[PDB]
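> This is what each chain is made of:
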Amino acid sequence: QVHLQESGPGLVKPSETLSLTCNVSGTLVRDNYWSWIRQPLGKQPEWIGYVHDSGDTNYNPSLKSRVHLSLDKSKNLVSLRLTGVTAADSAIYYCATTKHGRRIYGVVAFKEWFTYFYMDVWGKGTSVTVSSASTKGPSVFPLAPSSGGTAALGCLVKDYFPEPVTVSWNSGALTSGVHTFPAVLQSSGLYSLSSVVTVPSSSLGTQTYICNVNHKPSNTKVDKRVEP
Amino acid sequence: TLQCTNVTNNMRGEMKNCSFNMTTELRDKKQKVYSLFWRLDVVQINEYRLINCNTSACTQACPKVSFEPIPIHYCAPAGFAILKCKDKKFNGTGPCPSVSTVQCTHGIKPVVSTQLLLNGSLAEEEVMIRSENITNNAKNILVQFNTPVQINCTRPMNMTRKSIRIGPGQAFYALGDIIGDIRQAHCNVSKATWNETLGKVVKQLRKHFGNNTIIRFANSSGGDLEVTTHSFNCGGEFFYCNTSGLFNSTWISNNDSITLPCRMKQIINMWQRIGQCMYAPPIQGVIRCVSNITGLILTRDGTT
Amino acid sequence: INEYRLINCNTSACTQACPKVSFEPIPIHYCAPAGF
Amino acid sequence: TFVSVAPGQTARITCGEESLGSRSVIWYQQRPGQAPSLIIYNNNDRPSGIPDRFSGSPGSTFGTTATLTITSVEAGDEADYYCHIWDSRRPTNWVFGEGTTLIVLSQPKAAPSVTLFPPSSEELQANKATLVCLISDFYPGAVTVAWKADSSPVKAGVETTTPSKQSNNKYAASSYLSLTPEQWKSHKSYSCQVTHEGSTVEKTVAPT
Ligand SMILES: *[C@@H]1O[C@H](CO)[C@@H](O[C@@H]2O[C@H](CO)[C@@H](O[C@@H]3O[C@H](CO[C@H]4O[C@H](CO[C@H]5O[C@H](CO)[C@@H](O)[C@H](O)[C@@H]5O)[C@@H](O)[C@H](O[C@H]5O[C@H](CO)[C@@H](O)[C@H](O)[C@@H]5O[C@H]5O[C@H](CO)[C@@H](O)[C@H](O)[C@@H]5O)[C@@H]4O)[C@@H](O)[C@H](O[C@H]4O[C@H](CO)[C@@H](O)[C@H](O)[C@@H]4O[C@H]4O[C@H](CO)[C@@H](O)[C@H](O)[C@@H]4O[C@H]4O[C@H](CO)[C@@H](O)[C@H](O)[C@@H]4O)[C@@H]3O)[C@H](O)[C@H]2NC(C)=O)[C@H](O)[C@H]1NC(C)=O
Ligand SMILES: *[C@@H]1O[C@H](CO)[C@@H](O[C@@H]2O[C@H](CO)[C@@H](O[C@@H]3O[C@H](CO[C@H]4O[C@H](CO)[C@@H](O)[C@H](O)[C@@H]4O)[C@@H](O)[C@H](O[C@H]4O[C@H](CO)[C@@H](O)[C@H](O)[C@@H]4O[C@H]4O[C@H](CO)[C@@H](O)[C@H](O)[C@@H]4O)[C@@H]3O)[C@H](O)[C@H]2NC(C)=O)[C@H](O)[C@H]1NC(C)=O
Ligand SMILES: *[C@@H]1O[C@H](CO)[C@@H](O[C@@H]2O[C@H](CO)[C@@H](O[C@@H]3O[C@H](CO[C@H]4O[C@H](CO)[C@@H](O)[C@H](O)[C@@H]4O)[C@@H](O)[C@H](O[C@H]4O[C@H](CO)[C@@H](O)[C@H](O)[C@@H]4O)[C@@H]3O)[C@H](O)[C@H]2NC(C)=O)[C@H](O)[C@H]1NC(C)=O
Ligand SMILES: *[C@@H]1O[C@H](CO)[C@@H](O[C@@H]2O[C@H](CO)[C@@H](O[C@@H]3O[C@H](CO)[C@@H](O)[C@H](O)[C@@H]3O)[C@H](O)[C@H]2NC(C)=O)[C@H](O)[C@H]1NC(C)=O
Ligand SMILES: *[C@@H]1O[C@H](CO)[C@@H](O[C@@H]2O[C@H](CO)[C@@H](O)[C@H](O)[C@H]2NC(C)=O)[C@H](O)[C@H]1NC(C)=O
Ligand SMILES: *[C@@H]1O[C@H](CO)[C@@H](O[C@@H]2O[C@H](CO)[C@@H](O)[C@H](O)[C@H]2NC(C)=O)[C@H](O)[C@H]1NC(C)=O
Ligand SMILES: *[C@@H]1O[C@H](CO)[C@@H](O[C@@H]2O[C@H](CO)[C@@H](O)[C@H](O)[C@H]2NC(C)=O)[C@H](O)[C@H]1NC(C)=O
Ligand SMILES: *[C@@H]1O[C@H](CO)[C@@H](O[C@@H]2O[C@H](CO)[C@@H](O)[C@H](O)[C@H]2NC(C)=O)[C@H](O)[C@H]1NC(C)=O
Ligand SMILES: *[C@@H]1O[C@H](CO)[C@@H](O[C@@H]2O[C@H](CO)[C@@H](O)[C@H](O)[C@H]2NC(C)=O)[C@H](O)[C@H]1NC(C)=O
Ligand SMILES: *[C@@H]1O[C@H](CO)[C@@H](O[C@@H]2O[C@H](CO)[C@@H](O)[C@H](O)[C@H]2NC(C)=O)[C@H](O)[C@H]1NC(C)=O
Ligand SMILES: *[C@@H]1O[C@H](CO)[C@@H](O[C@@H]2O[C@H](CO)[C@@H](O)[C@H](O)[C@H]2NC(C)=O)[C@H](O)[C@H]1NC(C)=O
Ligand SMILES: *[C@@H]1O[C@H](CO)[C@@H](O[C@@H]2O[C@H](CO)[C@@H](O)[C@H](O)[C@H]2NC(C)=O)[C@H](O)[C@H]1NC(C)=O
Ligand SMILES: *[C@@H]1O[C@H](CO)[C@@H](O[C@@H]2O[C@H](CO)[C@@H](O)[C@H](O)[C@H]2NC(C)=O)[C@H](O)[C@H]1NC(C)=O
Ligand SMILES: *[C@@H]1O[C@H](CO)[C@@H](O[C@@H]2O[C@H](CO)[C@@H](O)[C@H](O)[C@H]2NC(C)=O)[C@H](O)[C@H]1NC(C)=O
Ligand SMILES: *[C@@H]1O[C@H](CO)[C@@H](O)[C@H](O)[C@H]1NC(C)=O
Ligand SMILES: *[C@@H]1O[C@H](CO)[C@@H](O)[C@H](O)[C@H]1NC(C)=O
Ligand SMILES: *[C@@H]1O[C@H](CO)[C@@H](O)[C@H](O)[C@H]1NC(C)=O
Ligand SMILES: *[C@@H]1O[C@H](CO)[C@@H](O)[C@H](O)[C@H]1NC(C)=O
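Quick mapping for you: the protein sequence lines, in order, are chains H, G, G' and L. A prime marks a further copy of an entry chain. Residues 1 to 82, 82A to 82C, 83 to 100, 100A to 100R, 101 to 126, 131 to 211 in the entry's author numbering are what the first sequence lists, from first letter to last. Residues 128 to 137, 150 to 185, 190 to 309, 312 to 321, 321A, 322 to 398, 411 to 458, 464 to 465 in the entry's author numbering are what the second sequence lists, from first letter to last. Residues 184 to 185, 190 to 223 in the entry's author numbering are what the third sequence lists, from first letter to last. Residues 8 to 9, 11 to 67, 67A to 67C, 68 to 95, 95A to 95C, 96 to 210 in the entry's author numbering are what the fourth sequence lists, from first letter to last.
Simulated from the structure, these hints should not be mistaken for laboratory data. You may find that some hints are simply not true.
[Said to hold, decoys possible] Simulated crosslink set (BS3-like; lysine-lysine; CA at most 27 Å straight-line):
(1) G/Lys252 x H/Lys100H
(2) G/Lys168 x H/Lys100H
(3) L/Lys167 x H/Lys141
(4) H/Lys141 x L/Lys157
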């Protein structure tokens, strides 16, 4: 099986060097092609550039003098470097394998062909927001249960920047009845989300419900426990 | 004055997308219309111009007539006759044993070609080698095949015919936009047929240039365009094809196609100098035609 | 044409009849040669 | 762009400019909130894991766009679709053609599972107050939340997200209200009202 994972800063100041790393698990970085794609919010997926061993590498004509890829054959990871970033480069940077094909329309011998590429196995993607503001660590407050036979229980992550934030329950042991909501941007410039779990009321237990909060740009891990 | 550019590709330029001013029907307002000429049709001036404008006034071939070689029987009137030699081995010169008389010759399709003889009479038994002086290297060596060699030629560009009216009455036929892939014209010769027919001629060449002699072949020495390429008509267009691949052999004392690159030109000066220019009109759709290689026109250079 | 133009200019190039010749139908006797 | 087809029929998806040469159109499927995945490469060649219900127009027709025919439409193919026009007369296209969205009819209706939570005890001691109103499992996604201070409406302080579905007919909606620890102990009851379609769900809250 092939598993891909993009890790990056998440926030980079304007006119700075974005440094992205795509760790690869399932195959080597020498036998395959590699390609990053970025997707703004609401726009179409914009191709960046493909990279392979043996010096075979090409970049987007629109982002030429600014981007540099690389393949770490010893660590088996793909790197990206985007120099002189602006608010435009804020998007979602995916990292995917690439296979190639040769479309033959003419007589072959007359070079009457063109190579075409297509990405088949994608990654989850990293969120890269570009802003000249400092990272703020959130603040986690528990959400008390209140009332059928069922009950409602949640957590809260207040005032943080930038996106995103991952919310798990009991270190990954509660996925039935878990609905994490998208955040809201306030007039102050900080996002805020919620995540509620439906559990049966027969939770005298104490069926210890502990949501795990994580915020990569600020390196914050706060384990909060919700109690009636 | 032609303002011209490349053809929409993504490389080597071969064609031109040209725009110009043009007399309409009325002797008043001009016309901003575009054509599309091969590189051999035009030439720049320090912006382009047609390749003939600095030489011969030009005339456009009528689109109704066909340049398709039909059989032509020559004859002679009363008080005259024509003799047909009917033996299988005759180098066209000397006495003929089996002479017969006829009134009109066999169907002779006037195929205007160079290098490669096309759709001609096949020879009998052994292939024929005919020359005016074999010791002189300044006379061409006519060759006639026994087995025909199969040659195919496509013009696989689905082109367009624009009809810009330079009235009143007259109207020029141009090339519109090209529907489909940017390809060029190519003639195919089967690799299996050309190898056996090439060796059949050189065993005849040993009969005249020494038994254990080495016979080599190369492409054209150079000079004019017509001499170097295989000029011919089919479907109206005029092809000009590279025979460096049919004459690249070296013979000692004892499964696919051979594709040949072909250019194209609209404006032509035929039979050396006669008939002025002629801009043959463009041809729609993919042109394809099969011809017979029934002989070759060879020259000799001045051991082996 | 949307000012005018001659009615032929969009069809056939034109030629002007010479003013000396007359279009007056004169008698014409057809004939046949010898043997007919 | 969007395309609407009833469950079980046939969907067709327009993408990219018109074809000028022989193409190799590459189609993709971006689920809401997920990465895009490969559907059809080489005009109609499906890789493994994609059913033969998806077929793209052949990349041999000069003068027609890239069409993605989708037979036997289901509530699962309700996602985004881009394509990658590989043309022989076009330079390499690095921006995908603008996407096309498939919408599956006869979902058809769904009631908002609204939820209203009062502010936490750990936040009150931080001299801050906030009311959270989660709305989930509602179709279609177009709510208009209204808060109430007993019977009196609240103007400012309202912070309401925007609907966003998650691989389902389930859409999400969060409404917030920022108050002060003195403001919360003041009024008798605060209400979150969600106006979805014609209906209106309402849920209140009261201090201890
Ligand atoms: C002078 O001599 C020269 C030299 O010989 C000669 O030059 C040659 O000209 C011809 C035509 O002018 C030219 O042919 C082209 O060949 C293209 C490539 O074909 C070759 O490869 C394929 C596949 O190989 C790949 O994939 C393999 C895995 O499958 C892999 O192992 C390989 O490594 C490689 O990656 C192969 O199938 C072909 O074999 C054919 O020929 C064999 C005989 O030699 C025969 O036994 C085979 O069966 C096969 O024949 C066909 O078989 C079935 C029908 O029975 C067809 O369905 C097949 O597709 C075969 O054609 C070759 O080895 C070929 O792709 C070109 O055809 C495409 O392009 C044109 C124009 O662009 C389109 O109109 C066509 O419709 C076709 O487009 C389809 O394919 C592409 C790419 O896959 C798709 O993206 C398209 O969307 C479309 O496919 C879809 O639509 C159709 C619509 O119905 C649908 O059916 C499909 O299922 C799909 O949904 C083109 O034919 C050749 O390259 C050239 N050079 C050489 C060296 O030969 C001159 O012509 C001669 N001149 C004259 C005047 O005589
Ligand atoms: C050596 O000898 C061979 C054999 O003679 C010769 O091959 C010939 O090649 C030429 C191409 O240059 C062929 O000419 C054309 O062939 C196509 C195909 O014909 C089809 O249809 C007929 C039905 O009549 C079928 O019998 C046949 O099998 C094919 O399926 C035709 O489309 C062409 O027709 C046009 O040209 C004719 C003469 O030039 C016109 O009479 C005719 O009206 C067509 O003109 C117009 O047609 C359209 C109007 O309807 C118009 O839109 C067009 O633009 C155009 O103005 C033409 O016949 C020829 O057929 C081949 N020979 C044979 C026996 O088939 C080689 O060329 C020769 N080698 C050399 C070097 O010359
Ligand atoms: C050789 O060079 C010549 C240059 O003169 C080329 O001829 C031009 O070809 C282009 C094709 O790209 C033509 O441009 C197109 O014109 C179309 C006609 O527009 C009409 O419709 C509008 C209504 O909206 C009328 O108001 C107007 O008066 C016209 O009657 C447009 O529809 C096309 O727009 C499309 O393409 C653009 C590209 O950016 C898209 O953004 C649009 O969404 C739309 O899809 C286009 O603009 C141009 O008109 C031609 N000129 C002439 C004089 O004919 C030859 O094609 C070229 N040959 C080759 C082989 O390359
Ligand atoms: C359109 O044309 C461009 C060129 O103008 C094509 O890009 C070219 O793609 C080829 C491969 O198809 C590249 O060649 C490669 O070079 C490396 C050496 O660095 C070699 O290892 C590879 O095997 C291959 O030969 C070429 O560099 C590249 N050129 C440019 C300028 O990027 C493009 O593929 C064409 N696309 C279409 C749709 O026509
Ligand atoms: C076709 O003719 C027009 C004139 O109607 C040319 O347009 C003029 O070009 C000259 C320089 O070439 C300019 O200085 C004029 O201002 C242009 N406009 C006029 C005179 O009204 C046009 O360039 C011609 N196109 C060609 C030669 O391709
Ligand atoms: C007309 O123009 C053509 C093409 O520009 C001229 O042909 C050139 O002649 C010279 C002779 O020294 C050759 O070296 C070039 O190779 C020829 N050009 C091409 C494209 O073949 C021709 O001489 C001109 N005729 C004149 C000026 O009377
Ligand atoms: C053409 O063939 C004839 C024979 O049919 C050749 O004639 C001979 O020529 C040589 C001189 O080269 C004489 O010595 C012989 O007496 C001739 N014999 C006959 C029967 O004519 C002739 O030379 C050949 N010409 C070419 C150019 O090949
Ligand atoms: C091209 O060569 C072939 C030779 O195979 C010619 O076909 C022969 O034509 C003659 C009369 O013209 C017939 O007697 C033969 O029976 C034909 N051969 C076969 C196998 O049927 C063909 O006519 C030639 N085409 C030309 C000269 O245009
Ligand atoms: C070359 O392009 C022309 C279009 O200019 C094609 O003509 C079309 O032919 C199909 C069927 O053959 C018809 O359904 C269309 O209506 C035609 N279009 C026009 C504008 O007439 C022609 O088929 C193409 N050549 C080839 C070999 O396919
Ligand atoms: C030239 O073209 C002809 C037909 O266009 C080719 O003849 C065909 O050959 C194939 C096998 O290679 C047969 O299956 C067909 O039946 C043949 N067609 C006809 C009409 O006889 C020929 O092989 C081509 N030769 C070259 C050198 O290109
Ligand atoms: C004949 O073939 C030779 C190759 O065998 C061609 O020679 C080349 O000519 C070009 C000039 O355009 C040079 O750039 C190359 O370096 C030459 N190659 C060699 C190996 O010498 C020659 O052009 C051909 N001539 C014709 C008329 O076809
Ligand atoms: C005809 O074919 C020959 C050989 O196939 C061509 O010669 C080539 O010329 C280029 C110069 O642009 C060289 O780089 C190649 O190496 C040559 N090829 C070989 C095999 O030597 C020639 O250009 C073609 N055209 C003409 C008009 O001769
Ligand atoms: C004449 O034919 C020979 C081969 O018969 C050609 O030699 C090529 O040589 C290079 C290296 O020197 C090889 O990589 C090629 O594979 C050879 N070609 C073939 C077809 O085998 C030579 O190039 C030919 N000359 C011309 C002018 O085409
Ligand atoms: C040239 O102009 C004449 C006159 O404007 C055109 O003749 C007209 O043809 C249409 C055909 O639909 C008739 O309905 C009109 O009655 C004709 N006009 C007159 C005055 O008789 C003729 O078609 C034009 N030719 C072209 C544009 O090629
Ligand atoms: C046409 O293509 C050739 C390719 O060598 C290029 O050098 C030339 O500049 C092009 N002409 C124009 C007008 O762009
Ligand atoms: C043939 O050429 C040679 C040498 O070029 C010459 O001596 C001879 O007279 C010519 N004519 C013949 C042999 O009939
Ligand atoms: C075919 O041609 C090759 C040259 O490519 C030559 O070596 C070989 O001897 C030829 N075959 C025959 C049977 O003459
Ligand atoms: C060439 O050699 C053959 C036999 O090897 C012989 O029959 C023939 O006469 C010779 N040709 C000459 C000597 O001109």
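> Now, for every hint given, state plainly whether the structure supports it.
Status of the hints after comparison with the structure:
no.: 1; hint: G/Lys252 x H/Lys100H; result: 37 Å, violated
no.: 2; hint: G/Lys168 x H/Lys100H; result: 45 Å, violated
no.: 3; hint: L/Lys167 x H/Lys141; result: 23 Å, holds
no.: 4; hint: H/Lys141 x L/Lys157; result: 22 Å, holds
Checked against the numbered hints above, the structure violates hints 1 and 2; every other hint is satisfied.
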